[PDB]
Amino acid sequence: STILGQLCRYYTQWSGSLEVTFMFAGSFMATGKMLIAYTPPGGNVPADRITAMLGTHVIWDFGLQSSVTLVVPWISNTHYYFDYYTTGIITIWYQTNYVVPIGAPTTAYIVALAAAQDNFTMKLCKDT
Amino acid sequence: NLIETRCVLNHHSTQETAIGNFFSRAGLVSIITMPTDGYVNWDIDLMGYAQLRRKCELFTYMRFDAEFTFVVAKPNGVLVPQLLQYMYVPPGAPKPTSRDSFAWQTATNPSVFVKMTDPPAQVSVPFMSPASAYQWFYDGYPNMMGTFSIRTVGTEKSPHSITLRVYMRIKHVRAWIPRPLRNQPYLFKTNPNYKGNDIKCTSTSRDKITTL
Amino acid sequence: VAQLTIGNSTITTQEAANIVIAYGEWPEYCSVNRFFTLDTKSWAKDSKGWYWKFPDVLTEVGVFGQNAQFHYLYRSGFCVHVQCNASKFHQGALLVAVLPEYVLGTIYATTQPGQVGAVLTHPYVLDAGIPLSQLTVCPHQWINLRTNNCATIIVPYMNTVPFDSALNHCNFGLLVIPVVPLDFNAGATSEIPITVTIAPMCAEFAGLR
Amino acid sequence: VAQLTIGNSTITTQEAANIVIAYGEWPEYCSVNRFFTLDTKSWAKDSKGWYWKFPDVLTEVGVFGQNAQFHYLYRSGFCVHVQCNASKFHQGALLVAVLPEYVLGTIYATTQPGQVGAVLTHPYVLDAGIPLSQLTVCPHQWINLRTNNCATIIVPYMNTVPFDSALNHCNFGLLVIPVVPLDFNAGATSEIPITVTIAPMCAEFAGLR
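Residue numbers (the UniProt record's numbering), protein chains in the order written: chain A, 421 to 500, 508 to 555; chain B, 627 to 662, 669 to 774, 793 to 862; chain C, 82 to 111, 128 to 204, 217 to 318; chain D, 82 to 111, 128 to 204, 217 to 318.
There could be a bad hint or two in this list.
DSBU-like cross-link-like pairs, simulated, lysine-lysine; straight-line CA separation at most 35 Å [claimed, not checked]: (1) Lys858/B with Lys687/B; (2) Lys845/B with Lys142/C; (3) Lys807/B with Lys727/B; (4) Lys150/D with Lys138/D; (5) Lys185/D with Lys145/C; (6) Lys727/B with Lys185/C; (7) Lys839/B with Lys706/B; (8) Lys845/B with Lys138/C; (9) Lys142/C with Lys850/B; (10) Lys185/D with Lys185/C; (11) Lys138/C with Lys185/D; (12) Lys185/D with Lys142/C; (13) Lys850/B with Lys138/C; (14) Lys687/B with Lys185/C; (15) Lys845/B with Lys145/C; (16) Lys185/C with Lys142/D; (17) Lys858/B with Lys142/C; (18) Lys858/B with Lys185/C; (19) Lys807/B with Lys145/C; (20) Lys687/B with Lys850/B; (21) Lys687/B with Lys706/B; (22) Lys839/B with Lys185/C; (23) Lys185/C with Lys145/D; (24) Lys185/C with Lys138/D.
Hints are computed from structural coordinates only; laboratory data are not their basis.
Model the full structure from these sequences, guided by the hints.
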C-alpha cells in the first residue's frame with residue numbers, strides 16, 4: 421500500500437535504510453506505553469516482551485508524544508521466483524495497559540507510516 | 627506533668643550530638659559467673681543487650697576500637713588473694729576446650745595476669761575486621795572480634811566463687827548510612843525477626859483527631 | 082519532553098531537573130550500560146507494595162546477566178527510574194526509596222525475587238521491623254499522582270570492600286510503597302501501571318570467566 | 082492566539098508556524130482578497146469524507162463570484178484553512194490534502222458541487238481508482254484531535270497555460286477524509302463540526318466583462 425512498495429516493483433535490486441513512523445489517534449485523556457522492537461535479519465522473532473527488550477527497541481508512551489519513529493538500518497534485495512532477501516521484523520508490545528478515565532473511549536487506533544532514507548537506491552529497471 | 631514555666635533561650639553546643647559522644651561512655655556487656669568446669673568462654677558480642685543494639689543499628693557500617701575492663705569480686709562483694717588469667721583469643725585461633733588445655737599456654741593468645749585485690753584490668757582491642765568496617769546487616773549468605799577466656803591460675807581447683815562483670819568503652823567511632831530505628835521487640839540475636847501476629851504501633855493512641 | 086538514547090535502547094522522558102543523588106555522591110570508577134525496562138506492576142486499590150533487590154534484578158537479563166554469572170568480582174552504580182501512568186481523575190501517592198543492605202525478616218525465593226520482584230506483606234514495618242514513617246531518612250522520592258508521574262534516584266556503590274561477588278550479596282533494595290492508596294470512581298481504569306527502568310553506571314568486572 | 086484581519090473579514094486563529102507550502106512555491110503574479134468561510138460540515142461516526150473543487154467553490158460567492166462570471170481569463174493561488182472544534186474526550190484523525198486535476202469516476218452536479226461540496230461514496234479508492242494510502246504524496250496535513258485542531262495549506266497556481274477560464278476548468282480539489290473514525294462515549298456531542306476558510310492570494314483577471 422506504500423508508494424515505496426510500488427516503485428520497487430519496477431526494479432530488480434534495491435538497498436538502503438527505511439524509517440517507520442507510528443501515530444496514536446486516541447483521546448487526549450488516555451495514556452499508556454508501547455514497546456516498538458526491531459529484530460535484525462537472520463534472528464528469530466521474540467517470544468515475549470523481556471527478550472524483545474534486549475534487542476533494539478524504543479519505549480513510546482503516548483501520554484507525552486503522539487508519534488514515534490523507528491529506523492530500520494539496512495535492507496537489501498537481489499531478485500531472481509526466489510529472492511535473496513535480508514529483512515528484519517518489527518513487533519509492537521504492550522508495555523503497560525491502556526489507562527483511560529470516565530467518559531473517554533476505551534478503544535483507540537494507531538496508523539503506521541513508512542518511507543525511505545537518503546541512502547536508498549535501486550537499479551536494473553524491470554517491467555511488472 | 628506539663629509545666630509552662632522555664633523556657634531556655636540560648637542554644638547549646640553541637641558537641642553533645644557528635645558521633646563520638648553518642649557512644650563515649652562505658653557500659654556493662656556481660657556478667658560471668660564461675661561457681662565452685670573451672671573456665672568460661674565469652675566471645676565478644678555487642679548485640680547481647682537490648683540497649684546498644686538499638687543504638688548501633690541506627691547505622692549500617694561502624695568502625696571503632698574497644699576498651700575492656702574486668703571488675704571481679706566474690707558473689708557478695710568480698711575480695712580474696714586469688715590470681716586470675718584473662719586470655720584473649722583472636723579471630724581465627726582455637727579456643728580452650730577444658731581447664732588444662734594446651735591453648736592456655738599458647739604464646740599468640742595474649743593473657744593478663746591480675747590479682748583479685750588489685751584495681752581492675754584494662755585492655756584495648758583494635759579494629760579486627762578484614763573489611764573496612766563492621767556491618768550489623770548483611771543481605772547475602774555466608793563481625794567476629796574475638797573471645798575472652800577466664801580461669802583461675804593453678805593445677806588444682808580453687809575454693810572460691812568468682813563473679814566478674816565486663817565493661818566496654820567504644821573509641822574512635824566512625825559511622826555510615828543511617829537507618830530507621832527498631833520499633834518492634836527483638837526475637838533472636840542474629841536476624842531481625844519480629845512477631846508478625848501482633849504489630850505494635852509506633853505511637854500511642856488518642857480518642858479523636860481533634861481532642862488534643 | 083526529551084528522548085534519551087543510551088546504546089540501542091530509547092526512552093522518552095520529559096526533561097526534569099529534580100533528580101536525587103544518593104548522599105550527594107556520583108557513581109565513578111575505583128556494552129552493559131543501556132536502559133533495562135522491567136515488567137510492569139499493576140497498582141490496585143488494595144495493593145501493599147513491591148520491592149526489588151540489586152543487583153539480583155539483573156542477574157538473568159541481558160549481557161549484564163551473563164557478565165555476572167561468569168566474572169568473579171563486580172562493582173557498579175545504578176540509575177533507577179520509576180514512572181507511573183494515570184489520568185487526572187485518579188489519586189494516590191507512592192514513596193520510592195532505596196535502602197542499602199535491606200534484610201528481610203520471617204514472621217530463598219523471597220529474599221532473591223529476581224526480575225519480577227516480590228510484594229510486601231506488612232508494609233507498615235517494611236517486613237523488617239523498622240517503621241515506614243522513618244523511611245525518608247534514606248534516599249527517597251515522592252510520586253504524587255496529582256502533580257508528577259516520575260521519580261529518579263542515582264545510587265553509587267556502597268560496600269565495605271571495593272569489589273564484591275554479584276551472585277550472593279545484594280547491595281540495596283528499591284522499595285515502592287503506596288502510602289496513600291489509589292482511588293477512582295467506577296468506570297475508570299481499575300489498575301494503574303508502574304514501570305521501573307534501570308541503567309547501570311560505571312560497571313566494572315575484575316574476575317575471569 | 083492571534084487575530085488575523087484581511088479586508089473586512091476577521092478570524093481568530095492561534096499563531097502556529099507549521100503551515101505547508103505546496104511544492105515549496107509561493108503564489109505570485111505572472128478587493129477579492131479576504132477570508133471566505135464556507136458552510137460547516139458535521140463529522141459523524143459513519144461519515145466517509147468530503148471534497149471541494151477549486152475555483153468552483155467561489156463562483157457564486159461574493160465579489161470573487163461575480164468577477165469570475167464576467168471576466169474571461171483567471172489566475173490565482175489560494176490559502177486554505179481547515180479547522181475542527183472538538184473536546185478532549187473525542188478522538189479521530191482527518192487527512193486534509195489537495196490534489197491537482199482531481200478527476201472523478203462513475204462506478217454534472219457531482220463533478221461541480223459548488224460552495225457546499227460533495228461526499229465521497231468509496232473513500233478507499235478516492236472515487237477515482239487511486240488508493241487513499243498514497244494520498245500523502247500530495248501536499249497534505251494531518252488533523253489529529255489528540256494534538257491539533259488546525260490545518261493550513263498554501264497552494265500556488267498549477268496549470269499548463271498562464272491563464273485559464275474559471276467556469277469550466279477546476280484546478281485542484283481539497284479532500285478531507287476521516288482515516289481514523291470519530292469516537293466518543295454516550296452523552297457527548299454526537300457530531301463534530303469542520304470549518305473550511307479560503308483566502309485567494311495574488312488573483313488576476315485579464316478578460317473584459
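Query raised in the report: Okay, which hints does this one fail, numbers in order?
Result: 6, 14, 19, 22
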